[PDB]
Structure formats: structure tokens, C-alpha cells
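Asks: So the chains spell out like this:
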Amino acid sequence: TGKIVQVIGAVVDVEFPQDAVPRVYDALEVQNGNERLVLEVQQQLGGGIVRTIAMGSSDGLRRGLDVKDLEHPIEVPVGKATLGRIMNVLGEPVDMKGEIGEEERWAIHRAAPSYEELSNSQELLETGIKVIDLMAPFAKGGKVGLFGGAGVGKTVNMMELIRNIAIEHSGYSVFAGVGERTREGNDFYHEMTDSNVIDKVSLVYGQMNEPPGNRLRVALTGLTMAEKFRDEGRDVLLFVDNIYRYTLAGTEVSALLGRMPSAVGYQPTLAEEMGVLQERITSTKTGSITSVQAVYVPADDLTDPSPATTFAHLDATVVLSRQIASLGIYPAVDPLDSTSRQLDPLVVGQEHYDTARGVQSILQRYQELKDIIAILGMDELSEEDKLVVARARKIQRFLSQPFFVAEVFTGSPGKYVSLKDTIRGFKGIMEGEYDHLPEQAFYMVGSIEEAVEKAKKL
Amino acid sequence: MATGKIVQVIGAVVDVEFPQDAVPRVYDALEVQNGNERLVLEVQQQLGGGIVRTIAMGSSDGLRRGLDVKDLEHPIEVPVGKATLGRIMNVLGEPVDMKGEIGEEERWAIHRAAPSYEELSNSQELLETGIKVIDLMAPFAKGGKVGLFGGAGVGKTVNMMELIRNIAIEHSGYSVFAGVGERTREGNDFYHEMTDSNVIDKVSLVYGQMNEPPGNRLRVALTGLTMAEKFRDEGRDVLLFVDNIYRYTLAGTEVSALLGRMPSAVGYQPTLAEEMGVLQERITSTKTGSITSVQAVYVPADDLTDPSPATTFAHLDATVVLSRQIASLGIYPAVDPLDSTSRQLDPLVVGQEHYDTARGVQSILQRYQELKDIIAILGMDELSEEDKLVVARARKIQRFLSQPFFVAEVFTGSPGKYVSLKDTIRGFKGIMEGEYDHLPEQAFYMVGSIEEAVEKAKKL
Amino acid sequence: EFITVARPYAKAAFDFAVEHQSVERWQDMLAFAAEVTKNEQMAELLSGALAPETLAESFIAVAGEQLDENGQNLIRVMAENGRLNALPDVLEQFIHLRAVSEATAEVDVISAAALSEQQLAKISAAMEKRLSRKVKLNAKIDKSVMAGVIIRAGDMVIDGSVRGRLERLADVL
Amino acid sequence: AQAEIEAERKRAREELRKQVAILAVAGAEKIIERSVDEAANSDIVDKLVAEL
Amino acid sequence: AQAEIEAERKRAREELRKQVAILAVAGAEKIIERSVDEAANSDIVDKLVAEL
Amino acid sequence: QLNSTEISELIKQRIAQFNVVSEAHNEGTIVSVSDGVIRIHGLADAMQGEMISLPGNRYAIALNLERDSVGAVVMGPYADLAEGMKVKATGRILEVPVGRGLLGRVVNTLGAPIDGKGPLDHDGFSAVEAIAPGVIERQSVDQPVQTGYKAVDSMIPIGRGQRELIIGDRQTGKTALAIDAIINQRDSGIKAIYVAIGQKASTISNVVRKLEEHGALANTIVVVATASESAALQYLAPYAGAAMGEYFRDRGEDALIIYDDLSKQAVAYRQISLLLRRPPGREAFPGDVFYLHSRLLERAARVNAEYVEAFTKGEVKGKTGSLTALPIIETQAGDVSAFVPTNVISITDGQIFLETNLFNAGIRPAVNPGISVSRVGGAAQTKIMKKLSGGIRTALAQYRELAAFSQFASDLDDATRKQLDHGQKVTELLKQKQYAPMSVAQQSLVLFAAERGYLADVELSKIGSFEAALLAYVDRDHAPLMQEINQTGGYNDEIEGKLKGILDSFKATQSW
Amino acid sequence: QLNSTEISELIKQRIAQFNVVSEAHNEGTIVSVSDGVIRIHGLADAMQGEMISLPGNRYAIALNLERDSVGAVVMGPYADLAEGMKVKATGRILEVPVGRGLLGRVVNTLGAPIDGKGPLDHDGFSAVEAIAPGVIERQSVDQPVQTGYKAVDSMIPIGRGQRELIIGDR
Ligand SMILES: Nc1ncnc2c1ncn2[C@@H]1O[C@H](COP(=O)(O)OP(=O)(O)OP(=O)(O)O)[C@@H](O)[C@H]1O
Ligand SMILES: Nc1ncnc2c1ncn2[C@@H]1O[C@H](COP(=O)(O)OP(=O)(O)OP(=O)(O)O)[C@@H](O)[C@H]1O
Ligand SMILES: Nc1ncnc2c1ncn2[C@@H]1O[C@H](COP(=O)(O)OP(=O)(O)O)[C@@H](O)[C@H]1O
Ligand SMILES: [Mg+2]
Ligand SMILES: [Mg+2]
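Residue numbers (my numbering), protein chains in the order written: chain A, 1 to 458; chain B, 1 to 460; chain C, 1 to 173; chain D, 1 to 52; chain E, 1 to 52; chain F, 1 to 512; chain G, 1 to 170.
Please keep in mind that the hints were generated in silico from the structure rather than gathered at the bench. Treat the hints with care, since some could be wrong.
[To be verified] List time: in silico DSBU-like cross-link candidates among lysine-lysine, alpha-carbon distance up to 30 Å:
| hint | chain 1 | residue 1 | chain 2 | residue 2 |
| --- | --- | --- | --- | --- |
| 1 | B | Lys142 | B | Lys422 |
| 2 | D | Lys47 | E | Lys10 |
| 3 | C | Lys129 | C | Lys143 |
| 4 | A | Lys456 | F | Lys386 |
| 5 | D | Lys10 | F | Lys88 |
| 6 | E | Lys18 | D | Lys10 |
| 7 | A | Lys456 | A | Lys140 |
| 8 | A | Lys68 | G | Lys117 |
| 9 | F | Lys210 | B | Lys422 |
| 10 | B | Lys5 | F | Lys86 |
| 11 | A | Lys457 | F | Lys386 |
| 12 | B | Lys456 | B | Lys417 |
| 13 | B | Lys388 | B | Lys459 |
| 14 | B | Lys456 | B | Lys422 |
| 15 | C | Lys122 | F | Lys86 |
| 16 | B | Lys142 | F | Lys200 |
| 17 | F | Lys88 | C | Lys136 |
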């Protein structure tokens, strides 16, 4: 009932009769040779023209193809039948298993919960990782973000958090793959199936080889499944493989939609597009979503508008840095930028709070000394400034930890460290009861005991 | 018969409307009569509707709308071959000297593709320049690009004149000089310094003076290159000197901005890497002859990361640095042996004796620089016998990198010398391994061969 | 070039002209409007910066023998948007819209030899089977084909020239 | 040294092959132009309109 | 090996002179459905033969 | 034997093949020409990504279908085109010849050959734009790709189907490392492809002549787009190369592809993108520049046997194919934090970082540990290489850091002294000459000798002599073990005992 | 060359009657919808900054008055709107509930209660856009506003009627 009238890249314009023009976000459909293509409506132009993004390869479109108007949004399989299966952005099954036996389908475009429906919790969630739940502890039903440049441990950290949190989590889990390597997705799927935990995980993949419309909307498909498990009243985990790719796929399309560029060439609507996703990934009085999001930062630039607007949407932010990864220290977390809403005396107790502020105070003071150390070296420092530098270097090394997913790399066995045990270790270093061990003793050890044992082995 | 009409004039940019069936092709040349002078336009873009957009090869002042434009069906064509030696031309191949009309048995278009894959030479020969510093420390591939990274004050032009002389005498090559964006003053007195040194009959000069509109300066670089292509096609080995490659880049930026294309990178044109590639890929060794090129390079802001340096250094094979300090020592030519480099220095192409010798003198001169700091802070008493031997040989090596040119006889009065590569390898092999330790360092200065150094010593 | 902005006016004028049956009057009306646009003294005026309303009624005064209730209205709308130089293109697109609606096509026949009437007759039947439309053949004689016949239904081309078959052989080798 | 010589055989074989092919069409051009100024055209166009 | 190629280069081109005439005639009668009796064509193919 | 008859009979076959019956085609006129961009009026039946055939044997690619025109880019010299020329629409989407008959050919990015070796033999055509196999069709990478070089095989191992960025400054050995990888597959049964984007034609001819000099050329396809050629040909050059590599992957064979400068592709796409006035982003590249390199590299994959069976309609059973990619990026002043370097670091499975400070110090190949990594991990190594390498990477990274502070002050505590001696001997042991690849038996002896401590009592100036004598000693007498370790890279206590006896006897009995 | 919402059925209406009747200047039709901006054709009497009523109970603010177009921004969920919907201009600038009964409430920017504690007990409405008191209507600030932070209330005092920027990183 409509005809294609322009084709620019991934953007397709369609003409309809004046009485029949589609609503915004309705799904259209086209024969592209032997393929079926879905188009999602973005804008209504004058005169029955409607402008759309292709949810598939745009190659091989002529002008003048007949387009069929399906009078509803993109709607995806939802609920308990979606569990242990891999899906397209369009909710089609992508594993070689059969049809998804869904009882219900929901539209991927939804409003966020009302302010009256939100809920708050102080309940600490414990993790295996010394630096994370020392410096940036996070709570059941809250949001966590891992920020970093390329190749600094965003994925390895999220894969440890999957391991460690799934120890004490019983309910279902959702994983949205937005713009990350397919090989990872396949390794993860075989890890989940070979450990039989797959029966509780629902996976949505729109990986980086797919054209822009897939990468933009696949994030929303992942949320829509997690919002069902939440509205059933469960409590749920949502892991998002790289949320930056959603805003970048919006940038790749924006100029073709005829919009003047903003700032560093971004779409003018950047802050609304980010908010309208992030505000529906929340807990509520009926149930709770706990979520970890990876956030790539382009060119290591922590001040680019896309990272900068993402920082406001998160409860715990962990900031990785290349300079620490280059020193071998993993996980390459920066204690002077990583923070949490939950690091309060009332929430975590005074001893934890006081130990975390002690670690920050020492490590900041070590940064203040690096310029004089660079120009003049250490012998011109004050006699307790040498002591600060010796404690700060020991603290830097004791933040490092062996991970069970890094045995393929380190070969060293992995370690899990309880909260009580890590705060005791850092407090003891700051009081100086370990001020006679060498630095190398603190590298890659799970607990302080293991450092004194390693110092016995030199 | 003329058949286009001028539709717009906006500064240097001129739009012309031809009939719908006769639209000129890109880079075609057009002529108009601007008052009582002809003006040539080069076509840049075919807009729709038979309108064509061009840039004026001269002043656009006094052009009306509605003039008649005559369509030459070729690009800008220039005279080529032997008849152009010792003449001075503008962009268009018109004589700007007053010696009058050129012989012109032939004229060629300035625009061509580079040699195809089967035409390239199936070998990797060296060029024997005759200069001890260059042939040892920074040898030229035949058909390579060389960058002269030194400021004026240092002998740039005398080095250029010496290469012109040696390639004309000791080979059978000619040279072409392209003054891209040159000050008219320096253009005048470079011509007099070549005429008063008898090298003028062995070089062709094309000058783009800075007071010419941007389109002139860009195309001058191609006018030189097409003349060198003729001498190559005659079977010679040819030298092309480009007086500044940075001014070609900037002329391409200015023209691109006049045409209104979106800028790129640090405000350069979007076509930057293509326009450099279009020049540099025509300068190669073929199976008939070769063009070697020596190109002066200016680095903006002293920044080697800027796109103009970064694009140019992809094409350079050798890199010669000229030093104010070495000139202060009185050592001429003033090449710096430690920052000059060539990617022809490998055993696989230059052989192991030459590679080992060049690596050797580099190591000795580097070690000497460190020892010369120790001497500055603590005097010569700190040096061991090994250190004193290293310092002595380093001073002899430094002296022996000097040479008298046939161009420099005006000052030194000594006869000039051309030194074969074998003789340089013998000399530096000798000085490094401690032969000739028994004759003084001033015997090596400005001499010539090492056989001439000892014969200087005998009565020095 | 006004090829893209002429479409709305061509379509709107053709629909109205269809409702009121006066298509054949609208075309002569548009042809006159196209011809006043080409005049030497008028094309100077159209380029000047007169106000649109003053410009419109000056053109309307020259445009006698136009349908004062409807034909003039269109010129007024177009001028109010300042697109009168699209009218010579609106004329061609009006002719095209008519040719579509009348289910009638024009196609061109080209050969080195002037065609004999039986050749032209069989072509007309063949094309009217290849198309729904009726065809008015145009004879063009060009020695280029050397031999054979070039069929040119606008964008659609069937080549039957020897030369074409030759320079198509040369590339196989 | 053998592979270098083998490439020259291929390059000679192609070089000659190219020449015979251009000369064949250059011959067919000259043959056709002189010989078709007849009702032979009528033969071609009748087949074309039958195919058309 | 190159000198051996030079000898065959002379030999091979002389063979293709005569074979070019056959191929050119065959290609023309492929291109036009009706064949040609060579009535005025001998002089045409002989100029083709002479050039190679 | 050069034979005149067989040439004549071949032309006779082409004359016999020719079809005189014509076909209706949709036509258009060029309306505008500038900088290799075209605007065409007509072509109502064109499709986006189609090939338009122009006057001559050139083509153009249809980029935009506007309402009343097509925008296209010319794939060749554009300059002799003119407004009003007719253009014809081929129903083909951009296609490239593919097959095993391409091995030993130098080819243009349109698939026309550039060498003198005459017309091509191909097994049909493959599409230049394709979407990679989905997540269920991959398999994990578990087989080695042995390079020539001690440094990368021990510290940064590459598996079949891995993607491994070679990054560094100019004149650092990026190309040398990649062609030495190609040459070492000369006997390993992996087919090779080398794609030269924007390189100098002199360099390209010298590389091809060095591939032929070592006999690798018969196992490589070479794809060329020189620095002189139109930017569209450069931009499409690596996509054409990928389409040939996918032929072997989908038949269950293994192939290796080198992209000689993806930074030069991005510049060419930036030129075309800015000539189409598309609003630029960071460092003036478009946002599509991630999508450009993403869709290219994400085809370098390993696929499971059910994909190969389903693709080849069951003609190949149980085999698994792979395409292994080594993209090269040149980076300014060693800045690993610039935009395009960081885009590609985020697409590949690791990086080998080559440092000019090491290269200028004569440490060649100049691999910087700590930055360099292989996300695939040891799964790419043979057991013996996995066991013998172990922590050698992190020991070298720490040795380099310790040397930094040791330069600054004197605090030498014996174990520091031995750590410095060991690290200095390992770096002197890891440098290696160009074009001198050494097999896994040779590499495993060298690693065994380094980490079982045998280089004790050996001078640094003797290290290169010590290896040259050792590899000749084991070539002379204990050759059968070498043939065993090269066949199956199995590490046993039996083999460790034989290695121990070889190194004990050499150290005790021989001289260097 | 590009079109300017000159489209076929509107032009044909102009063909039928160029001097189209006065009708109501009060109303018009949406011709485009995108990203929460709508373009409206008609509304000859719409004032700049006036509230335009939309189908359902939604509003837009007229921000661009152009040559036969109004650009307006939608104050809510826009994606339900469609081309060819009728719209009517009010007489109204945006006004908000105001009063003492707003203390202790949480409201959206239209002043609708969002805490769920039920309807407001406001004291009439006030214009959202208003002019400040002039120079002669001010008085000097002399009374304190006590922050309770030693560093602020000592070093950086704030008085009644001051405008004190708090600025920093995240
Ligand atoms: N805890 C660790 N121990 C040892 N090595 C590590 C650790 N974390 C990261 N690495 C090394 O650094 C690599 C980069 O981290 P990861 O694999 O998570 O990629 P990333 O930083 O997520 O980059 P991308 O965002 O592109 O996926 C790891 O693959 C591994 O090579
Ligand atoms: N193993 C090696 N030992 C010594 N020199 C080497 C080695 N490998 C390469 N080189 C030298 O490095 C130089 C540059 O080689 P190559 O061109 O491969 O480096 P590159 O960084 O790829 O250069 P480019 O950036 O120009 O492509 C050459 O002189 C080469 O001989
Ligand atoms: N071989 C040489 N012998 C004597 N003087 C030299 C020699 N080479 C350079 N000079 C001196 O160097 C100075 C600068 O040389 P010149 O070619 O004018 O440099 P530039 O033209 O770049 O300023 C002049 O005084 C010149 O005489
Ligand atoms: Mg990641
Ligand atoms: Mg290289």
C-alpha cells in the first residue's frame, strides 16, 4: 500500500496515501528479493511521506518497491518461554532450536515507571573483588557502570561479576548484547551451556556487524524482557554488553534523518535518547532489577559528551584506566575516580567508610608527590613523605587480585575475598603493621595472609 | 570559434555555461580575452545544466559576465625537451625570461597517470651523488624521494647546484627545478648564481612566484614533473628539485577552500593524501629511465604530527638534515650525520660492508658526543686510552666528511672533487680501524679521497 | 535546475485540470505560461527583486487567455513561493502526467536507413504488446547504428544495432 | 630463477593473445561496413522486431 | 631464456598474421546472421595480415 | 612451449560463445561530475549498492537513491567522464571474482588483474558486501598459526580465526612482521592474502618480488590499490580482499589475510564522506568509521562444521574453516590513545604493539609487552609452547619497569641483580633477523634453554653465538626429536628429559 | 532547491480558491511530527509563546512563527500524534498552580501532583514567564541566609536575595 521513494544509506523513505499513513514507530515490511525486511518509522514528513530505519541490510532495495503497513510496533517474545534462548532484535530465534513457545508479546517502546512506583534499598550486595566493594560498594536493585577505554578489562570484570553475583542470586537473568564482538557472545553461550546455568539466562544479541537499526533497537529488546520478569514480581539481573554502541548507532543515523549536528558532531537529541532508555531499567515496589553496564569511553576521553551524560544515570561507577593496566595491576580500577552512592557511614558502617577515606587520602597524597619525584627523585622528599610513598605503593599493589576468568591469561589460581577480610587488610597496612614486607609481596594476592606468606617466599 | 559564456565571477573562481552537448571535461583548459590579454581557465567541476566551474590562471579582474569562452579540447600544454634547458617559464610554459620564444618541437599536457605495475623497474639501484656524507650516511635510491630538512643559511642552494653539476657531468642526466611559491627576489638571484657558475645550461627553471593566484602555484609543481617525464622518456636519469613541498600542500588547501569543499583534519583539504599521492607516485624509476627527487620540507609549528609532515613522510626514502652548528665548525657540506637517515641502509640492498661502515661511524660520532659532554664538565683527564683513541678517530672522521665542490671554488679556490662510493668506503674503513692514526686530523679536512689526505699530510 | 520543485505544481494542476475536464485547455495555458518565461525582457524581470504580489499580477496581466478562476490561481500560488522559472519544467511534467493517465506513450526509432512502413507497423504492434500503452513512433535517421534499429522507449533501451553488437563483442575478448 | 622465466612465458603468451583479438574485431569492422549496405539490414531488423 | 623467447616471438607473430584473417571473417559472419562471399574482402584481410 | 595454434583456437571458442540476442536494459544520463562523485538522472530500476557500467570498461557504485537522481562514485580515473554520457545498469550487486585459481595473481579491487599473466580463472563471483556468520555459527579458536618469530609465538600467540592488530609508528617493521607471517605459512597449508591499500607501487612490487624470492607467492593472492588511485578504489580495496578470503573459510579451509593500512582506508573514506558533505565528528572522521572497520574485521571468523556442511550442501563433512586477519594501524608518535587506533583496538582480539624506542635500540622485532596481548590466550598455543612460555610476558614487562627505577637510584639486592641479568639475556635472546623464521622445535629449545637456567655462565655478547651453535648441534645429532616435536607439539616428561640431556651435554661439551 | 511544505492537496486547495476564506484563524493542522517538534499549517492568529491545544489533553508552545508555518514543541509524549490532526490555539500563555498549599508536595513542571498524595490546594495560577522587578523596586540585601556549613557561612556569605553559583565537577 506504500512505495519506497528515497534510499539513503540505512534510512528509507516511504510514501503512503494520506488517509493511511503509519503512526510513529509502527513497523513496515518489504520484500528485498528473497528476503523479508522490517522498517521502523522514525518521522512523519509532509504529504504522506514517512521516514524509516531499516532493521536489516539496505542493499538491493530499488525505488518503487511495495511496502506493507503492519499496524503495530516491533513486538517481541516475552516471559518464561524466552529463557535459555538467543534472540534477534526482532525477537526472532537465532539459535538453531525451534520456535519460541511464547504466550505473550510486548512492544519494545514503553514508558518508565511512575515516581510513585519506585523503591529504595540499602542492602549491600557482596562481591569477590577487593577494590570494588571497598571503594564502590553496590546494593541489590541498583545500577553499576564500568567505564573504560578500549581493551582495559570492561568485559573480564563483568564476567567476574556474573560469576560472583550468581553465587547468591537465585532468580532469572537477562543479557543484552549491544555492539560487541560475536566471538565473545559465542564463548559466553558455551560457558553458560557447559555449566548448565543457561536454563536461567535470556540472551538478546545485536552485534557490531549488523546495520545501525539493529544496534539501536536491540538494547530496548533486552530491557523489555527484563521488565516482564520484574513485573512478574521476581528479582532480576540485567547485564548490558556495551551501552555506548546504542548512542553511536544513533549518531550514525542522525545526519541522514536531516538534523543539524550538535557538539562533537553528535545528534542534537543525545540526552533524551540516553534518558529514555536508562529510566526504565529500574527497580520498583513490585520487583527489582540489578544491572551492570559497560560504558566504552572513546579515545580514553572521560569528558566526551556520551560518557559525561552517562555518569549521571548510575549508582556505582567504576572507572578503569589504561595507565594502571599498563603497569600490570588488574583489575585496573582507579580508586580516585571510582565511587558509589552507597559509601556512607550509615549504610556501610564507620570502619568501612573510614578505611575507604584513608585509602583515598593516601593515594591522592601520593599523586601530589609525583611531580617532585619526577623532577628530583625520591631522595629529596621529607622523611615521612617517603613513608606515604611506601604505603601508597603497597596499597596500589594490594588492590590487585587474581580472577577465576583470568586463569587463561595469568594461569594463577583465582581468589574470592570477603568484605571483612579486605577492610582488615587495608586498615592493617594503613596502621603499618605490614610496613616491613616488600611491595612485590602484595601483588596478585587474595588476602593479607597470602601477602605475608608470599613475602616468606620473597 | 568560442562557445561558452561567463556566468559568474567570484574572486578567482569563474563559472561558464557551455551548450548542453559540448560540456568540457575536468582539467580541460579554456581561454578568454580579458581586455587585451588572454586568460586561461582550468576546469574543476561539472555542475549540472552545462555550467562548468573553473579557476583562473591569472588575474580575474576585468572579467565581465557574458564574455565568450573558447574551448581548447586538451589540458594545459607545455613545451618539453632539450629546447627548455636554461630557460625560465611560468605555469603555462611561457618564457618569463626575456630571451624570447622557445623552440618547441613538442608540447605535452601536464596531467597523466603514474607508471603502471609492469612498467616499474624490476631492480633497486642506487644513485652515486659523489658527496661523501650523502653517499655514505644517506644513500639515495635511484628514483627515490629525498627530504632536505634544513633552514636557509646552511648551503641548501650550493648543495642543489653541486648535485645538478655532478648528475650532468658524471652521469648524463638533466635537472628540472620547480620553484613552487618562491619569493621573486630569491628566484632572481638563484638564476644569477647558476648562470655565474655554468650549471644553467643543464637545468630547466619553472617559477611560481607567490604573487600569482593559487591555481598558478598548485599547477607549477605538475609543470616541472611533466618536463622531467620527457627527459625520462628519452632514457636519462633525471633530478627534480621541488623548492617547497609544503607550499604545494597549502596551495591545494586554498584552492579546495575556494571551491567550497568541507575541510578535514587540522583544516586541510579532504583530498590531501590523494593530491600528495598524485604528485609523488609519478616520480619513480621505470624500465627506460628514472626521476629522482630532492624536496625541501617545512614542518609547521615544528610539529611532526601535523598532517602535512605526516603525509609527506610516507613518501620520503631519505632524509638529509643541514646544521648551523656544523657550518659553524666550518665543515662543508653542513650535513648532520646523526639525524640524517636513509631507509636504503640495509645489508639486503646496500650490502654488509657499507652497512657496517655507516653503522660504525654513527656509533663513533655518537660516543664522541657523550665524551664531549664529559670533557665539558670534567676535562680530558677523565678519558682512558680507549676514550682518547675514540675521540681522536672521531675528529678524523668529522674532518673527512668535508669536501670541496666544483661550485665552491669561488670561495675556497681549491679544485672540486667527485668521490666514488668505493673510495668513501675505503676511507672510513681505514680511519675507523686505526690505520692513518699516524697522520694529523687537518690532513683530512676539505681534501678529497683518503689517498689525497695522506698526500696533503706529507707537507702539511 | 527546477526538476525537483516542479513536481508538486505539476501534480496539483493536473488533478484540478482532470476534475474540470479542461486538460487540453490547461496544457495550452501552461504552454503560453512557458513561452512568456523565455522572453528576453521578461526573463530580466523574473530575476529582479520585485515583491511577489507585484510580480504575480504583472505576469497575470501578460497572461491573457488563461482561466482566470483557476489558471491564474496556480500562477499566484507558485509566485507566492517564487518558483515561476519551474513553469517550463511543470509544463513537461504536466505533459508526462497526461501521457501516463491517457495510457499513451511516445517512443523513438533510430537507424542508419530510413525505415519502410511495414517495419514501422510491426514495431508499433510489438511495443504495444510490450507495453500497455499506445505508441506514437518517431523516426530518427542516424548513420551511427550502421545497420539495425535502436529502440528507445525513453529509459528502456533494446539495442539492435550492428555497431552495438560489435563493441559488445570487443569486450568479450 | 625458474619462476622468473615461467612468468615471462605467461607474459609473452598473453601479449600475443591480446594482439590477435584486437585485430579480429578491427577486421570485422572493415568487413562489415563495406558489405552491409544492402537489404541485409532488412533481414536483421525483421528478426529484431520478431524478437522485440 | 629471454633470447629463446625472442626467436619464438618472431615465429609466433607470423603464424597469427594468417590465422587473424580466418578469425576476423568468422567473427563478422557471427555478428551478422547472413554470411559474406568475400567478393571485395581479400584486400581488406591482407591489410590486416600485413600489420601484425 | 609457446604455441600460436592454441591461441587461435581459444579466440575461435570466444567467437563461438558470443550471443547476438540482445536484452533490454535500464539507462541513465550523467548529470554532474566532481572529484569522482557522479550524479545521474534516470536509472529508475537501479538498486542501492548496484554497479553501474560507464563508457569504457569502468564502473560506478550507486550510493544514494535521491528522489530525482542517483549519486554514485567512479571506480577509476573519473576525469574523462562528461555530463550527458549514457550509463547502463547491471543487475549485479558489487561482485568480485573468487576461487582458488586466484593464487599467484596480482589483482585490482575490481577483480581485474594488474599483472601481465593474462585473464583470470575464477569460480564465479562473490558479493563484496556481506554480513558475517551469526553467534551460533562460530566455533572457539583452538589451533595455532605459527609465525616465524620467537617474540610473538611465545608471548602473543595467534590462533586460526583470531584477529590480531599490528600497531606502531612508521618504519617499525609492521610490514616485515606481516610478510614473514605469510612466508611461514608457505608450508603450513594456510592460504594467504595480502591487501595493499594506498601503498607506494615501488614498495608493492618489491614485496611481491620478495614473496616470489622465497616461494611464498604461489600460496598468496595480492590485492593492490596504489596511492595514485581514486579514493573509492582504496575504500573498497579491503572489502574486496575480504570477499576472496571468505571463499576458503566457507569451504572448510584455512586462510590468512593482511590489511596493509586500515588507517589509509579510513582517510579515503573520510575523503569520500566529506565530499558528500556528511557532518564530521572526532578528528573529522564520520561516525560511520566504526561501522566501516567493524563490518570488515568481524568477517575474520572460525565456523563450525554444521555451517560448512549447510553452506556447501553437504559436499564437505566435519571440517571447520577459518579466516585469520592481521590488520595494520600506523599511529602518530606512538600515541595509542588516538581515535582510529582505539576504534580498531576495540574490534580485534588483541594487539602487537611495536615501539620505535626499542627498534632504534636495535631490539628487533620491537615488541612492547604489557601493552601487547592476545585475548584468545594460550588456547592458540601448542602445549609445549604454552608450558615453556608461561609467565615470560609478565617477567619481561616487570624487568622493563624494574630497569626504569634502577636507572634512577642504586638499590641492588642480589635478586634484583639476577632479575636484571635474566631479563637482559631474554631480550637479547628474543631479537631475531628478518626472513629467518625458526620452527616450533627450534623455538621450544630456545625457550627451554632460557627458563631452565642454562644461560647461566653465558655472556650477553655470547647469547647469539650460543643459539646458533645449539640449533646446529640439535640439527646435527638429535634430529629425530626435532621431527617429533615439529609433528606433534607434545610436552612430556620423556621429551623434557631428552631436552635436559641435550642442554646438559651442549653446555658441558660444546663451545660457541 | 528544496520544498517548503508546499504539497499536493494543499496546493490544489489553493488552485480551487487562492483567496481562501477567513474560516477560523483560531485553528490549523499538523503537517509534520518528529522528535517532539511539530509543524502546523494555519493558525494565522497564533502568538509567539502561546499554548496550542492538541488532541487528547496535551499542549505545545509556539516558538517559531514563519511564513505559513508554526513550529511548536510538544509538552509530553508526542509519538501518539499524527499528520492531519486538527489543533486550536488558546489565548493562553503557560501558567502554573501557585500558593502556600504546594509546600510538602512533589509536582511536575505543569504542577500536576506526582507524589500521589492527592490533588493540590493551590491559590490560583501564575504565569511561567514574567518580568523581574525593576531597578527602583529592589532593596539592598542585608539579612543573612544561614547555610550551616562553617566554611560557607564564614568565608562565602549568602544573604536574602543573593544569587550564589555552586560550581564544580561531578
Ligand atoms: N584481571 C585480569 N587479569 C589479567 N589480564 C587481564 C585482566 N583483565 C583484563 N586483562 C587483559 O586485558 C584484556 C582486555 O580486557 P577485556 O577482555 O575485558 O576487553 P575490554 O577491556 O572489555 O575491551 P572491549 O571493551 O573492547 O571488550 C583482557 O582480555 C586481558 O587480555
Ligand atoms: N628483524 C629485523 N631486524 C632488523 N631490521 C629489520 C627487521 N625487520 C625489519 N627491519 C627493517 O625495518 C625497516 C622497515 O621495515 P618495514 O618497512 O617492514 O617497517 P614498517 O614499519 O612496515 O615500514 P612502513 O611503516 O614504511 O610500512 C627496514 O629497514 C627493514 O629492513
Ligand atoms: N662548500 C662551501 N664552501 C664555502 N662556503 C659555503 C659552502 N657551502 C655553503 N657555504 C656558505 O654557506 C652560506 C649559505 O649558503 P646558501 O646556499 O646561501 O644558503 P641559503 O641559500 O639556504 O641561505 C654562504 O655563506 C655560503 O658561502
Ligand atoms: Mg568490552
Ligand atoms: Mg610497512
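Asks: Each hint should be assessed against the structure and marked as holding or not.
Replies: Hints and how they fare:
Taken as a hint, the B/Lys142 and B/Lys422 pair is honoured in the structure, with Cα atoms around 18 Å apart against an allowance of 30 Å. For the given pair, D/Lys47 sits about 45 Å from E/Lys10 by alpha-carbon distance, which is inconsistent with the 30 Å threshold. For the given pair, C/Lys129 sits about 28 Å from C/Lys143 by alpha-carbon distance, which is consistent with the 30 Å threshold. Pair hint A/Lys456 plus F/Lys386 holds up; C-alpha atoms about 28 Å apart against a cutoff of 30 Å.
Distance check on the hinted pair: D/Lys10 and F/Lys88 sit about 34 Å apart at the alpha-carbon level, beyond 30 Å; violated. Restraint check for E/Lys18 and D/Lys10: the C-alpha separation of about 23 Å stays at or below 30 Å, so the hint holds. Our distance criterion of 30 Å between C-alpha atoms is broken by A/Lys456 and A/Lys140, whose separation comes to about 40 Å. Distance restraint check for A/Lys68 and G/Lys117: the Cα-Cα separation of roughly 47 Å exceeds the 30 Å cut-off, and the hinted pair is therefore not satisfied.
Distance restraint check for F/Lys210 and B/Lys422: the Cα-Cα separation of roughly 27 Å lies within the 30 Å cut-off, and the hinted pair is therefore satisfied. Of the pairs offered as hints, the one joining B/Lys5 and F/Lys86 holds, with about 26 Å between alpha carbons and a cut-off of 30 Å not exceeded. For the proposed pair A/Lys457 and F/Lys386, the alpha carbon gap of about 25 Å is at most 30 Å, so the pair holds. At roughly 14 Å between alpha-carbon atoms, B/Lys456 and B/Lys417 fall within 30 Å of each other, so this suggested pair holds.
Our distance criterion of 30 Å between C-alpha atoms is met by B/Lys388 and B/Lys459, whose separation comes to about 25 Å. Proposed proximity of B/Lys456 and B/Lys422 is supported: the alpha carbons are some 20 Å apart, at most 30 Å. A C-alpha spacing of about 28 Å is found between C/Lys122 and F/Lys86, which places the hinted pair at or below 30 Å, so the restraint holds. Distance check on the hinted pair: B/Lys142 and F/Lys200 sit about 15 Å apart at the alpha-carbon level, within 30 Å; holds.
The suggested pairing of F/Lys88 with C/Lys136 holds, with an alpha-carbon distance near 25 Å, which does not exceed 30 Å.
The structure shown violates the earlier hints numbered 2, 5, 7 and 8.
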